[PDB]
Structure formats: C-alpha cells, structure tokens
Amino acid sequence: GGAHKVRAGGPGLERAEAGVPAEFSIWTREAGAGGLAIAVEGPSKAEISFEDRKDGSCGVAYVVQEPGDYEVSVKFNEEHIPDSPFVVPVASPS
Amino acid sequence: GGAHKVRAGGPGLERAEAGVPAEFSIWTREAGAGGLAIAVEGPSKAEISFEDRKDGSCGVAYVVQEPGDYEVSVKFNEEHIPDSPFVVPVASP
Amino acid sequence: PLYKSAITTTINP
Amino acid sequence: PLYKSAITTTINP
Ligand SMILES: *SC[C@H](NC(=O)CC[C@@H](N)C(=O)O)C(=O)NCC(=O)O
Ligand SMILES: *SC[C@H](NC(=O)CC[C@@H](N)C(=O)O)C(=O)NCC(=O)O
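From first to last, the protein sequence lines stand for chains P, R, S and U.
Count along the first sequence starting at 1, add 2235, and that's the number in the UniProt record's numbering.
Count along the second sequence starting at 1, add 2235, and that's the number in the UniProt record's numbering.
Count along the third sequence starting at 1, add 775, and that's the number in the UniProt record's numbering.
Count along the fourth sequence starting at 1, add 775, and that's the number in the UniProt record's numbering.
Check the hints yourself; a few may be wrong.
To be verified - Simulated pairs of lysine-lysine, DSS-like, Cα-Cα distance not exceeding 27 Å: (1) P/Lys2310 with U/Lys779; (2) P/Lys2310 with P/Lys2280; (3) S/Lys779 with U/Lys779; (4) R/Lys2240 with P/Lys2310; (5) P/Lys2289 with P/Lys2310; (6) R/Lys2240 with R/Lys2310; (7) S/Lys779 with R/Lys2310; (8) R/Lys2240 with U/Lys779; (9) R/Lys2310 with R/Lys2280; (10) P/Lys2310 with P/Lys2240; (11) U/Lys779 with R/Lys2280; (12) S/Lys779 with P/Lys2280; (13) R/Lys2289 with R/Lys2310; (14) R/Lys2310 with P/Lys2310; (15) P/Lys2310 with R/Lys2289; (16) R/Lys2310 with U/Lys779; (17) S/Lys779 with P/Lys2310; (18) R/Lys2280 with P/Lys2280; (19) R/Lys2240 with S/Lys779; (20) P/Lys2240 with P/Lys2289; (21) P/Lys2240 with S/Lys779; (22) P/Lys2280 with U/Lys779; (23) S/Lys779 with R/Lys2280; (24) R/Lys2289 with R/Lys2240; (25) P/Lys2240 with U/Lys779.
Said to hold, decoys possible - Now the in silico label distances, taken between C-beta atoms and shown as ranges: (26) R/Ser2327 with P/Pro2246: 16 to 26 Å; (27) P/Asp2290 with R/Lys2289: 54 to 64 Å; (28) P/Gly2254 with R/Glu2301: 32 to 42 Å; (29) R/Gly2254 with U/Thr784: 16 to 26 Å; (30) P/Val2255 with R/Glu2286: 42 to 52 Å; (31) R/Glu2301 with P/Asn2312: 23 to 33 Å; (32) R/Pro2324 with P/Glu2314: 46 to 56 Å.
It is worth saying that the hints were derived from the structure and are not from the lab.
Where a beta carbon is used, it is the ideal one built from N, C-alpha and C, also for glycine.
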C-alpha cells in the first residue's frame, strides 16, 4: 500500500485547455517503494509524461485534444491516492 | 457473460512491428448491446483506432513505438472476451 | 514506464 | 468514443 501517504496538486488537476499542456505535482517522498500510475479518461486521447520538479515531487504534464470533462486518476500500488480521481474540466483554447 | 459471444482475430493479435499499423477484427454481431473496450498495454505508447469493415466486423488498427511484449485486451461490458488478453510480441522493423 | 491506451465504443443494435 | 491513457512508473526510495 502507501497510497494514503501520497498527495497530488497543481493547475492541471483543477482546469485545462484543449491542446495546452496541463501540469501538476505528486508528493512521493513518504510513500516508500511502489508503482505510481497516472491515467486520463475522457472524450479524447491524452498524452501523459513524467517530469522533474525543483521541490523533489514527481511532475506530470498531460495534453488532451478535445474540450470536455476528463477524469485524472493517480494510484499508488493500484490504490487511489487521497482525492483521486480528480474531475478536470477542459475548455476550448482561448 | 455476453463477452463470451465476442470473437477477435487477425495479424495484430499474433505479432506486430514498431511503427507499423497492426490490424485485427472483432465479431460483435451477437454480444448484443454494451461497451466494447480495446486496450494496449506495454513498454511504449499505443495509438488505437476503429473502422467499420465492409465484412460487417469491427476493425481495429493499433501502432506502438518500441519492440517488446504488449497485452491487447478486448473486453465487453468490462469482461475479457475469449482469449483476451492477447500477448503480442512486437519486433523492431 | 508501462503505458496503456484504451478506447471504448458503445455497441447498439 | 471513451478514451483512456495511463502511464505507470516505479518509485524507489
Ligand atoms: S515523476 C518521476 C518520479 N520522480 C519522483 O517521485 C521524484 C523523486 C525526487 N525525490 C527526485 O528528485 O528524484 C520517479 O519515477 N522517481 C524515480 C524514483 O526512483 O523514485
Ligand atoms: S468498429 C466500430 C463499431 N462497429 C462495429 O461493431 C461493426 C458494425 C457493423 N455491423 C457495421 O458495418 O456497421 C461500432 O462502434 N459500431 C456502432 C454500433 O453501435 O454497432
């Protein structure tokens, strides 16, 4: 286990725009060893990558192609972390 | 089940090549109503699409980036059809 | 990393 | 259609 020791936060968990990279961070320092899985589900395909953060958290960026409501899940050892899944409204680009 | 009335078959359930569209067909005619889910899981990102085939089956094409073994899932109403997941060895071109 | 892509369509007679 | 994408990595202390 250890999912309860993981926290995720950032703009990409609150709102996104179609085609614009949406970014958030995952606090992993306390969780120990395990599989950290990020998933995006919704009306269009998503591309997800892991990134560096200065603060030592694990950075995530994703891009979706169409507006709509998407669900972003973050699981650790196949267990939802607190507040996952996140419902993220994705708007047409401004 | 209902997923037990679904069948899938084609080169893309047997073997694939990185960068090369891998194709198979799903016979859906007698599962009735429901959600047909195809998934590709493995060492790189997969692009997946559907085509309505002229023979009346549901066509599927996928492309993956890297060689390795991939699991191709075909589920009907969250249940694996017979022989799913398909383990597909993927060669480099 | 392990990657998964999935696509779900609704079948309706 | 409904689309899902996932990526999974290993964390090691
Ligand atoms: S987002 C990739 C992820 N990174 C982290 O959890 C950041 C860990 C941090 N202390 C650092 O500066 O590396 C990851 O895959 N981590 C690799 C690992 O072995 O934990
Ligand atoms: S591959 C998309 C899928 N098509 C089929 O299952 C083949 C349908 C076939 N009888 C035809 O030639 O139309 C699909 O999403 N079909 C729509 C549906 O509700 O059946």
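Indices of hints not satisfied (ascending): Numbers 4, 15, 26, 28, 30 and 32, in rising order.
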